[PDB]
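We begin with a single chain expressed as structure tokens, specifically the form deposited in one PDB entry.
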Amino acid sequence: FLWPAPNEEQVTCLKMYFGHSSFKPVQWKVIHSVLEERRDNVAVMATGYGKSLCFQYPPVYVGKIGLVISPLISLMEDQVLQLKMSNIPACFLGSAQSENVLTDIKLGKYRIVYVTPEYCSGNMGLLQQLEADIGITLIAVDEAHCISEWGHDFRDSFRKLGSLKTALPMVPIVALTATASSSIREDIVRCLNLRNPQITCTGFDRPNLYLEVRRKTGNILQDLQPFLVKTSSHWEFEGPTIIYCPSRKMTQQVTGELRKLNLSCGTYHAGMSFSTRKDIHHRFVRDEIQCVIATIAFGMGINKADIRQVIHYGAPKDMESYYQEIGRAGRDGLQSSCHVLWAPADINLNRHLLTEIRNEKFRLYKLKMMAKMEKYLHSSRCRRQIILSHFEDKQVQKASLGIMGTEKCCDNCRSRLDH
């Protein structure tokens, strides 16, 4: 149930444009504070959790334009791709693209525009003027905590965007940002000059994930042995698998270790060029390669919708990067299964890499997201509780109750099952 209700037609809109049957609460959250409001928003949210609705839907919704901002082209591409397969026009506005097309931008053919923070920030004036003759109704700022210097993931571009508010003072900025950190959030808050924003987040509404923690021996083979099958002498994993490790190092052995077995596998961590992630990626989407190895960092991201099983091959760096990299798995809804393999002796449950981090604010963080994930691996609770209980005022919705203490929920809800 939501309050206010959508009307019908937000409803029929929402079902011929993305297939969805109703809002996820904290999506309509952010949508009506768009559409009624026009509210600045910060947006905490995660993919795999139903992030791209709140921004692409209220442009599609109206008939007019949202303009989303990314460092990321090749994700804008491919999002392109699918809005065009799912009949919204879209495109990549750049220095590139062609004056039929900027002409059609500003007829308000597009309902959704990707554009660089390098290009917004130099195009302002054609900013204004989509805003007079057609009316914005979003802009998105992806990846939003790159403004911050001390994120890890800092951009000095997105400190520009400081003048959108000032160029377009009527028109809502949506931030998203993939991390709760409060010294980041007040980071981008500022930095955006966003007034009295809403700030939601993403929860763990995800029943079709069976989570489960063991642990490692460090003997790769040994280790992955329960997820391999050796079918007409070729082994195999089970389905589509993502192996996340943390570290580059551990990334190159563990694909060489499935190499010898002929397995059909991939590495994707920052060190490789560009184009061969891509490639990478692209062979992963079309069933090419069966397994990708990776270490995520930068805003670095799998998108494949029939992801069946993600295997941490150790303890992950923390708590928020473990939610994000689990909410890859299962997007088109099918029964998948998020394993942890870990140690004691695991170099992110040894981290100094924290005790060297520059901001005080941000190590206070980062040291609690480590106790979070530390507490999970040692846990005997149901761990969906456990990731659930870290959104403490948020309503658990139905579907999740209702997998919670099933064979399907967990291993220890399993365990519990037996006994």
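Residue numbers count along the first chain shown, from 1. First, how it differs from the form deposited in another entry.
- If you assign each C-alpha to whichever superposition fits it better, residue 161 and residue 32 land in the same rigid part between the two forms.
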Contents of the next structure:
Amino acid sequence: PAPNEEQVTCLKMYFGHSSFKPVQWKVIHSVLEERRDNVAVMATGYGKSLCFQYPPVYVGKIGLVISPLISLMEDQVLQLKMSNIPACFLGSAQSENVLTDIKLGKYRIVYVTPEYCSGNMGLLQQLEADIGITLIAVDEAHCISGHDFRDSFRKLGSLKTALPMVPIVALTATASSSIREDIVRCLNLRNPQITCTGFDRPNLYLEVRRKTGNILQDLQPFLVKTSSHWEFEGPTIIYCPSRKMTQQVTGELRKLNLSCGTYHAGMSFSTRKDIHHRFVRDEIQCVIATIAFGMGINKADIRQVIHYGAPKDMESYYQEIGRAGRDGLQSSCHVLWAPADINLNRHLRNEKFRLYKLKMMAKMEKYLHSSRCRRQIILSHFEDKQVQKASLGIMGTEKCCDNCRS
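Give me the form deposited in another entry now, not the form deposited in one PDB entry.
So it's only the chain below, everything else dropped.
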């Protein structure tokens, strides 16, 4: 099947896009016409959000979005309103006036937490009967299972029973052929369409280097002197394994009067939002951050990602380097590591998760020591069968990785 004129005019008018990506249309058609439950594993930057934002905008109904990343949900609600798409966050602290506007059908996309959703199942059935619920989205779906687990998700299996004619579309960036199964069981999904995309980001050069023991010695090669001032080549994210390491790296970089901000769960949500927004507005050139639950760094032109210390697992590496080069322009992702890092990772839920993570960590140590193409290694772990001409054209060249360089 193919999109009709009204479909393409809606996508361009409200989202600014000329065409639907292949798996984006496989999910949208399935929800819009077949009303079927969906599981979609798409690459970092592909555009999973359109799969849940577009269908309610086209039919003029309501979409229920469940997402853990509070800060970027606030960015998306503000983003939707700016694109003339009425959207809001529905919670217990929301006004009576905004809640009556939802009951009237004046809001296309409504964002809720798992707790609110379970505690207000009667409102959901009232919205379904009176207005109609196009779909119920579970963003970062790999959490109900896996390299990350959240038990708040478990109380969402009661949604299918209450709303059997409403499709649940669970979207994620990291989920293997076994991960998508336990999501179907915990959500009680009925014969869902299981879709996968290619996993390459060909505009991301890859390099692995050994740590010298001195922070400024390790990071100085990434810095350029512009007038008489030291700075990065462009917007940069430095990922650190601990909140303490984030503080030490920021401390050393501030001796060079570098424009940067730190980002960790030790800071309040308010201080975090400020740093993220200063990074997006290009007021800060570098963010030194830790990968911890509920956090995210969304920017379209990140030119460098530095992992200061060995990454946790292959899912962590993929999910973290995918923040670079969303504009399609040349970017770099460097790992600075030491064997002491991997031993620390060995110590820091279910036994299946532990075995899966330990397998990806042994793969991680192999990846770091390896003399083969970094790009060839990464795509084999996810058994990627959509490794296209664009990827093959970059492999074996200077722009691919450090091991492809002469």
